[PDB]
Amino acid sequence: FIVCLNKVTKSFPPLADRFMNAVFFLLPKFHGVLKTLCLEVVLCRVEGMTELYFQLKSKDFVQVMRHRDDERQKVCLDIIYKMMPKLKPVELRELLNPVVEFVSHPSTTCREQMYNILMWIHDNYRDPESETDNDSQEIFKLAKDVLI
Amino acid sequence: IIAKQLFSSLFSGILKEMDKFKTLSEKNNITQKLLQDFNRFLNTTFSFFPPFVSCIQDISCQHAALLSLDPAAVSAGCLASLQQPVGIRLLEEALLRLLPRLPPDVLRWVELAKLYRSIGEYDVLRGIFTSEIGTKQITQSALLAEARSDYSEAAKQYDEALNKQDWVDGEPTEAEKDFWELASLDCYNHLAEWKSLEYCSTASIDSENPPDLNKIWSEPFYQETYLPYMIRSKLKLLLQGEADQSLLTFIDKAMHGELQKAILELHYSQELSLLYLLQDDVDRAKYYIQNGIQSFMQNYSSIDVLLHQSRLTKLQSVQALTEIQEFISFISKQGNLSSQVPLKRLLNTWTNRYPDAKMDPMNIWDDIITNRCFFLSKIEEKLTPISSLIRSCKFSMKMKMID
Amino acid sequence: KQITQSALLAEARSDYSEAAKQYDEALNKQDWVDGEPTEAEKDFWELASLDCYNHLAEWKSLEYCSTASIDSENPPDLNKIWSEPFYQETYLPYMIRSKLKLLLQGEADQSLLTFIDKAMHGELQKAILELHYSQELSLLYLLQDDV
Amino acid sequence: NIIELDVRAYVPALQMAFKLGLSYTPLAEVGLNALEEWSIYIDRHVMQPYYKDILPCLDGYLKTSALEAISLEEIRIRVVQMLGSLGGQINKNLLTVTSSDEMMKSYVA
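Residue numbers (the authors' numbering), protein chains in the order written: chain B, 2360 to 2507; chain D, 2803 to 2902, 2915 to 3199, 3227 to 3244; chain W, 2950 to 3096; chain U, 739 to 805, 844 to 885.
The hints are simulated quantities; they were obtained by calculation from the structure and are not laboratory data.
There may be inaccurate statements among the hints.
[To be verified] With beta-carbon atoms standing in for the labels, derived distance ranges:
hint, chain 1, residue 1, chain 2, residue 2, range
1, B, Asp2482, D, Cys3234, 43 to 53 Å
2, B, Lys2445, D, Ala3017, 45 to 55 Å
3, W, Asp3094, B, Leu2415, 52 to 62 Å
4, D, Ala3017, B, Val2449, 30 to 40 Å
5, W, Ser3010, D, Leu2901, 19 to 29 Å
6, D, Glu3033, W, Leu3073, 12 to 22 Å
7, B, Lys2416, U, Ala751, 54 to 64 Å
8, W, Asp2964, D, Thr2825, 42 to 52 Å
9, D, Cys3234, U, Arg746, 28 to 38 Å
10, W, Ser3010, D, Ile3178, 51 to 61 Å
11, D, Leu3073, W, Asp2964, 48 to 58 Å
Beta carbons: idealized from backbone N, C-alpha and C, even for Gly.
The following block holds chain B by itself, in its conformation from the complex:
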């Protein structure tokens, strides 16, 4: 029954989230085409999750990012894209490290999404706001490392 949400995605977003409320405990996805379908399922924009980043506090959303070529995997980075505003990116440090290597990993549309992510990052950790004590100094140089 994943398709019974996947093909009806982008329809009435204010109530399109009751399914995940129980599915997340039940069908975190693998298996290729079905994985891409569930990626497109998560593409729905909704507030229904706040503490879910404890899932990404588990590591291996790094090599799975590059499992199958071209457009299939873009929702994975769009995840961070759509949750950018509220973060305190201690873990996007390491999460962007394979993104350092998606220059090495083949893609073009995903690389464009990479560049959009980087363009938001540089502007929105407020680079001119050189706070003396904040930890963002590491991500400053590692983000410049790929931005250049």
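Since the structure of chain B is already known, use the hints to place chains D, W and U on it.
What follows is chains D, W and U alone, placed relative to chain B:
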């Protein structure tokens, strides 16, 4: 200990009764193999287990012709593992026997000087170079000025010794250049004014004109001599007023280097703790202070029981550690944050507590004074949500300073 | 300091034999007078001795000088090269050349073989060796028939 | 109050207390409580001559670091804290005998 002593005794017996074998050439042949193995022990070990080392020197002075051991290796092993006096005696005896980046065997002298710095017998330290190794007259007057504790004149004299380029009557050697740099560091450390101390420490290491810190850790010489003066000067600058946080960004990379973490946890708890106190990482500072207590206990337990000066020099420092602990205890308690009472008691305790002012030299009296001044200047902020006399107490406390 | 001028003269005449003795006496002179030379000239003297010995074969003395100027130990060490970049970028070639030319004439200690046995496992060393010493490794292996 | 009417009297008791304290910790704990309870309360001048014997026997605690309700680590951290916070002018007297030449007992052939 008994195993060490037994090994030394049996080895002495075997070597002396090898003279009963008395065939003449193979003894000179095999004392070689013995000395290369003796060298390699110090050259490759990583535990530096003290009684083993004391044994390793014990054979050397019992017989002769083994005293040609590499000075730097044994010396550095001594500074790492303590047990300095046996190394003191070994180099001292090896200097007796005449022989038929520093070529001459004179480097025994500088190794012994560094080692005396480690033990803290400073008078003999002057005596070493007062003993006329590296003569050119101005150095004698510089030693005179610093012996009179007139560090101000010694500073100018040393500086003119370094900037002199029209050298005549020959030239000094670069060993005396290193000695001049170290003596300048010491005399500046006795004169505060650490801005010039920082400039010298940074310039002697690296080139760049906005001063670099990161390219330290490039050679062991740099760390094992210049790191402490550098970090001390930067801390004392930063705690007075405010300036570039280059030391903060510096320690930000210092931790991620695993080998650097060991050195910092071994020798600089006060430094990291007080530097973090700038940025209110009180949880980290508390950890660093309990770790500093452990470091002091381990260091004091390691040192030998018969050396007054080393024990006294280690002991005097705990006065500042206890104050850091007391301050961090006072910061985090709302019953004191919103009230008026505890500050008067704290001021009382601080006003009937000062180091001896005759027993204790300046190099720690200035430290305790500066920590108190910073402590009050920082505490001024949290009291606002009678307050004037806190500003006044600095005056009396610095009057005791001056006296 | 005058003797260096005559040493340059002797080597300019391609009389490396006299230059060898003159350089050696310049190094072993300890009763220095009229001032002292600087250690830059010590480095130059070592390099010139290497060159003039390389023009004179007899690499046994060339080996002794190359090994002694680097490390202490009396059975000569090779392994503690790679300790500083100066050592590699100046003394490594003369060392390896001398050891090869000794080993290919008669037979002696295989210290260079045991040496290259650790030289390969160091990844950065593999780059230098593949960059500058194909003749060396190839001919040295030709001793052991690793064709 | 009992300690300000006389102090020489109780000094040997304290000495034995934190002398045997190394073997059975709670005596060490009690003595190192009595130390600050004396210091913060008694007049400085009344106690100042007494420190020449009170501290020197305490150095034994500072011997071994090799890493029931009273533990070695707590008493060690606390005693370092005490010998520091008591005052530099005070803990100067911690040496085996303070400013004397007498100690080459056990150090002769």
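Verification of the hints:
{"no.": "1", "hint": "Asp2482/B / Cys3234/D: 43 to 53 Å", "result": "holds (49 Å)"}
{"no.": "2", "hint": "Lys2445/B / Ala3017/D: 45 to 55 Å", "result": "holds (47 Å)"}
{"no.": "3", "hint": "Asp3094/W / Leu2415/B: 52 to 62 Å", "result": "holds (58 Å)"}
{"no.": "4", "hint": "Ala3017/D / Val2449/B: 30 to 40 Å", "result": "holds (38 Å)"}
{"no.": "5", "hint": "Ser3010/W / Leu2901/D: 19 to 29 Å", "result": "holds (23 Å)"}
{"no.": "6", "hint": "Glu3033/D / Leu3073/W: 12 to 22 Å", "result": "holds (19 Å)"}
{"no.": "7", "hint": "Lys2416/B / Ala751/U: 54 to 64 Å", "result": "holds (59 Å)"}
{"no.": "8", "hint": "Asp2964/W / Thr2825/D: 42 to 52 Å", "result": "holds (45 Å)"}
{"no.": "9", "hint": "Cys3234/D / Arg746/U: 28 to 38 Å", "result": "holds (36 Å)"}
{"no.": "10", "hint": "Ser3010/W / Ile3178/D: 51 to 61 Å", "result": "holds (57 Å)"}
{"no.": "11", "hint": "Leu3073/D / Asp2964/W: 48 to 58 Å", "result": "holds (52 Å)"}
The structure fails none of the hints (numbered hints given earlier).
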